[PDB]
Amino acid sequence: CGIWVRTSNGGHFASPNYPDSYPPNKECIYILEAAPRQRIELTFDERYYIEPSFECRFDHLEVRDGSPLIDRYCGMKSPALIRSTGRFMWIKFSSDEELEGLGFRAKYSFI
Amino acid sequence: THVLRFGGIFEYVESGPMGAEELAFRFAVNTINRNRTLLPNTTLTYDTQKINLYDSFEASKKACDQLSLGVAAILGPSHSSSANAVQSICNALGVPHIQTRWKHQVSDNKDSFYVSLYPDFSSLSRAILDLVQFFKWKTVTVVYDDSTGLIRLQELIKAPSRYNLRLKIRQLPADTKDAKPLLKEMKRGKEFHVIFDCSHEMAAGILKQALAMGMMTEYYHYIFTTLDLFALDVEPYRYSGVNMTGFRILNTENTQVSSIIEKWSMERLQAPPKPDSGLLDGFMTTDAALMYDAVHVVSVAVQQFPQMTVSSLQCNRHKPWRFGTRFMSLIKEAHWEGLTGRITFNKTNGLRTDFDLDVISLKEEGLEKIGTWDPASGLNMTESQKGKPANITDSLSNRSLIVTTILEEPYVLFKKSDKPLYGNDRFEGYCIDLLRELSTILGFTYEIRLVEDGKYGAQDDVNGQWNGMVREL
Amino acid sequence: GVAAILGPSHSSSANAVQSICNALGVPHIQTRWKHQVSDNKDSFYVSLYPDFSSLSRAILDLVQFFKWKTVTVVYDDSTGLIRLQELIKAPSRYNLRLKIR
Ligand SMILES: *[C@H]1O[C@H](CO)[C@@H](O[C@@H]2O[C@H](CO)[C@@H](O[C@@H]3O[C@H](CO)[C@@H](O)[C@H](O)[C@@H]3O)[C@H](O)[C@H]2NC(C)=O)[C@H](O)[C@H]1NC(C)=O
Ligand SMILES: *[C@@H]1O[C@H](CO)[C@@H](O)[C@H](O)[C@H]1NC(C)=O
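Protein chains in written order, with the authors' numbering: chain F, 45 to 110, 115 to 159; chain A, 33 to 505; chain B, 102 to 202.
For reference, chain F alone in the conformation it holds in the complex:
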């Protein structure tokens, strides 16, 4: 399930079956790994522009720098852009048993 994107200035990152709804009962961990002095650009294109729908503690998306957990988002919002200086971005996507929805898309790039 993990989509490793090492040593690419650009590529794409999105939920499983991304145009479709995400499969349930996933637990997939993702990495953005960069060289020293190589800065990472992380970008969320929303597939669904609204203030987040299900704001709660299941089906969260964690974001990890280095691990002080920066944040967890859920429902149907985009986090704004976050600028990487730890250069090792760790992305965890979790899925529940019974809440299945539009999923998400991302864009990573090295700067």
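Rather than coming from a laboratory, the hints here were simulated on the basis of the structure. Ideal Cβ placement from N, Cα and C applies to all residues, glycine included. Among the hints, a few may not be true.
Okay, derived cross-link-like pairs now, PhoX-like style, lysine-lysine, Cα gap no bigger than 25 angstroms in a straight line [as the list claims (entries may be wrong)]:
| id | chain 1 | residue 1 | chain 2 | residue 2 |
| --- | --- | --- | --- | --- |
| 1 | B | 190 | A | 216 |
| 2 | A | 168 | A | 451 |
| 3 | B | 200 | B | 190 |
| 4 | B | 142 | A | 200 |
| 5 | B | 135 | A | 190 |
Computed far set for chain F versus chain A, every beta-carbon distance over 12 angstroms [as the list claims (entries may be wrong)]:
| id | residue |
| --- | --- |
| 6 | 48 |
| 7 | 55 |
| 8 | 56 |
| 9 | 77 |
| 10 | 86 |
| 11 | 88 |
| 12 | 97 |
| 13 | 98 |
| 14 | 101 |
| 15 | 103 |
| 16 | 118 |
| 17 | 134 |
| 18 | 147 |
| 19 | 149 |
| 20 | 158 |
DEER-style ranges, computed between Cβ atoms [stated by the list, open to error]:
| id | chain 1 | residue 1 | chain 2 | residue 2 | range |
| --- | --- | --- | --- | --- | --- |
| 21 | F | 68 | A | 425 | 54 to 62 angstroms |
| 22 | B | 111 | A | 415 | 43 to 51 angstroms |
| 23 | A | 425 | F | 100 | 56 to 64 angstroms |
| 24 | A | 415 | F | 100 | 50 to 58 angstroms |
| 25 | B | 111 | A | 302 | 52 to 60 angstroms |
| 26 | A | 267 | F | 99 | 34 to 42 angstroms |
| 27 | A | 485 | F | 83 | 53 to 61 angstroms |
Assemble chains A and B with the ligands onto chain F, guided by the hints.
For chains A and B with the ligands alone, kept in the frame of chain F given last:
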């Protein structure tokens, strides 16, 4: 044939589709017209004005209008906002007012020219309490949609201080689909007795949700305070093995009731329904039934007040109607069999506190009666178990015994065989020898089942709940 | 004619004036809190009086700061319910048991 007119007010589609209340009212006037047993010497016409929803001034002007032509009384619009306008109009100009939809009772409104055939919320809520008390639930949960549901259940809300309970309160959000995350937390909440105060349309819009998140299993039991519990799209869900429970003053026992129901059903899908919404097409709704009854009680009074006159009054000639005194009193004092059962007015709160209620529940087939309720005694709800069916006194081994067992090396084994054999013959061992011997001694019949979790069993501290053999026992 | 009007104290009676001013464009101001119906589209009305919604949030904060583990709410007439619904929804979020008389 004394001509009379009844003011008609309908917050409606403002478009082509015609509303159910207008329909039942005209159905009512026709019913008067055909059977002269009521009013042999009298026939009443009517003026039916139509307005916008939640829009006072427009209603008030229309109120002055249906004053202009003169009636005996108005029939209230089915929403409280302009309903207050209607009422502060009626008692202001003395014409009796009849309301169908529940309004927010304003504690000190000294109006006196109004009644409401609607089952007053207090009595309903008291029955709710009696019901839940009988079912011995503790972690009940209410979900409403807007404000006034809480009021409908205030008597419920105040229960805990007298009755050992708990209940959180949860809200269906602004739009209907928004209730899915609510079901999410309730799943997290694990609240297995959730009463609902909600419009049956929303009940439908949420049952798809509940089955969709699979919440409907046999443990969960919901009770729906609404009164159009009849027209639910019941059929698929009754095999989810859920209990529902609800009320219906809407009698169906009278065959006259039925006959009128099919006459309606002919005139009803006559109006284009919404089968895509998941409602059973062809069944008249509780409100429309109420407002059918209301004309009839008006009549059953008025036939004894031929001194009825219709003063063509104006809103600015502030002197009230000439004959609102005794006529309104008559309605207060009258009694009748409408389409809901015994009809009466409290004559104290100037409303209704008395009626007859059949509690109904989702059986294996659908809506089937599970009792009766009335103000005086309260709940006489009975039970489908009576007459001791298929029961023998001092019967020996009338039912067989469900014997559990564990698989162990020298204790219980499989009779080593090649062809596929089953039943209580796969299992063979020392414990089986003991079981057979003691069953021959005590003369019983037994079936064999392995424990599924497959262990002796021990107390799991995190839930204080047994496991395996002990738990299945 | 007026430049505008100040509202009467009640809720119910105030409804009518609110509507009337909307029927002619008059700006209507009010003084006491009432329950707004979520299905009125009107525009020309404002309330000085602080809403009881935010008040409930503040009360809830105060409750938690004191760290109460039991409480009773008491009102006068059922309208106080609407007035407090937000707090009344305490238990879902935090560990609060509240009762009402
Ligand atoms: C007109 O009369 C009716 C019927 O008496 C009033 O409704 C209320 O009815 C209940 C009985 O159903 C009366 O007793 C109450 O019983 C419940 C049982 O759960 C109990 O919890 C209450 O403490 C109370 O004992 C109740 O007294 C009665 N309310 C009143 C004020 O009489 C209706 O309210 C009457 N209207 C007026 C203005 O009197
Ligand atoms: C309960 O119902 C039975 C049958 O109708 C009736 O005989 C009995 O009087 C009722 N009891 C109450 C409490 O009304």
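Verification of the hints:
1. Between the alpha carbons of residue 190 of chain B and residue 216 of chain A the distance comes to roughly 17 angstroms, so the proposed pair stays at or under 25 angstroms and holds.
2. The suggested pairing of residue 168 of chain A with residue 451 of chain A is violated, with an alpha-carbon distance near 51 angstroms, which exceeds 25 angstroms.
3. The suggested pairing of residue 200 of chain B with residue 190 of chain B holds, with an alpha-carbon distance near 12 angstroms, which does not exceed 25 angstroms.
4. Distance check on the hinted pair: residue 142 of chain B and residue 200 of chain A sit about 32 angstroms apart at the alpha-carbon level, beyond 25 angstroms; violated.
5. For the suggested pair residue 135 of chain B and residue 190 of chain A, the alpha carbons sit about 23 angstroms apart, so the restraint of at most 25 angstroms is met.
6. Here residue 48 of chain F stays apart from chain A, with its beta-carbon at least about 32 angstroms from theirs, past the 12 angstroms limit.
7. Every C-beta of chain A lies more than 12 angstroms from that of residue 55 of chain F, the closest at about 33 angstroms, which supports listing it as non-interface.
8. At roughly 29 angstroms, the least C-beta separation between residue 56 of chain F and chain A is larger than 12 angstroms, which holds for a residue marked as non-interface.
9. In this structure residue 77 of chain F is separated from chain A by more than 12 angstroms, as the shortest Cβ-Cβ distance comes to about 34 angstroms.
10. With a cut of 12 angstroms on Cβ distances, residue 86 of chain F stays outside the contact zone with chain A, its closest approach being about 27 angstroms.
11. Distance to chain A confirms residue 88 of chain F as a non-interface residue, since its nearest Cβ pair spans about 21 angstroms, more than 12 angstroms.
12. With a least CB separation of 7 angstroms from chain A, residue 97 of chain F falls inside the 12 angstroms interface cut-off, contrary to its annotation.
13. Listed as a non-interface residue, residue 98 of chain F fails to keep its Cβ farther than 12 angstroms from every Cβ of chain A; the least gap is roughly 4 angstroms.
14. In this structure residue 101 of chain F is not separated from chain A by more than 12 angstroms, as the shortest Cβ-Cβ distance comes to only about 9 angstroms.
15. With a least CB separation of 9 angstroms from chain A, residue 103 of chain F falls inside the 12 angstroms interface cut-off, contrary to its annotation.
16. Residue placement check: residue 118 of chain F keeps its beta carbon more than 12 angstroms from all beta carbons of chain A (closest about 24 angstroms).
17. With a cut of 12 angstroms on Cβ distances, residue 134 of chain F stays outside the contact zone with chain A, its closest approach being about 33 angstroms.
18. Under the 12 angstroms C-beta cut-off, the non-interface status given to residue 147 of chain F relative to chain A is violated; the minimum distance is some 6 angstroms.
19. Its beta-carbon lying about 9 angstroms from the closest one in chain A, residue 149 of chain F breaks the requirement of being farther than 12 angstroms from that chain.
20. Residue placement check: residue 158 of chain F keeps its beta carbon more than 12 angstroms from all beta carbons of chain A (closest about 37 angstroms).
21. For residue 68 of chain F and residue 425 of chain A, the Cβ-Cβ distance of about 55 angstroms falls inside the hinted range of 54 to 62 angstroms, so the restraint holds.
22. About 50 angstroms separates the C-beta atoms of residue 111 of chain B and residue 415 of chain A, a value consistent with the hinted range of 43 to 51 angstroms.
23. As the Cβ distance of residue 425 of chain A to residue 100 of chain F is approximately 58 angstroms, the hint placing it in 56 to 64 angstroms holds.
24. The supplied range of 50 to 58 angstroms is broken by residue 415 of chain A and residue 100 of chain F, whose beta-carbon atoms lie about 41 angstroms from each other.
25. Between residue 111 of chain B and residue 302 of chain A the C-beta distance comes to about 44 angstroms, which lies outside the given range of 52 to 60 angstroms.
26. Look at residue 267 of chain A against residue 99 of chain F: about 36 angstroms separates their beta carbons, and that is inside 34 to 42 angstroms.
27. In this structure the hint that residue 485 of chain A and residue 83 of chain F lie 53 to 61 angstroms apart at CB holds, the actual value being about 54 angstroms.
Violation of the numbered hints given earlier is confined to hints 2, 4, 12, 13, 14, 15, 18, 19, 24 and 25; the remaining hints are satisfied by the structure.
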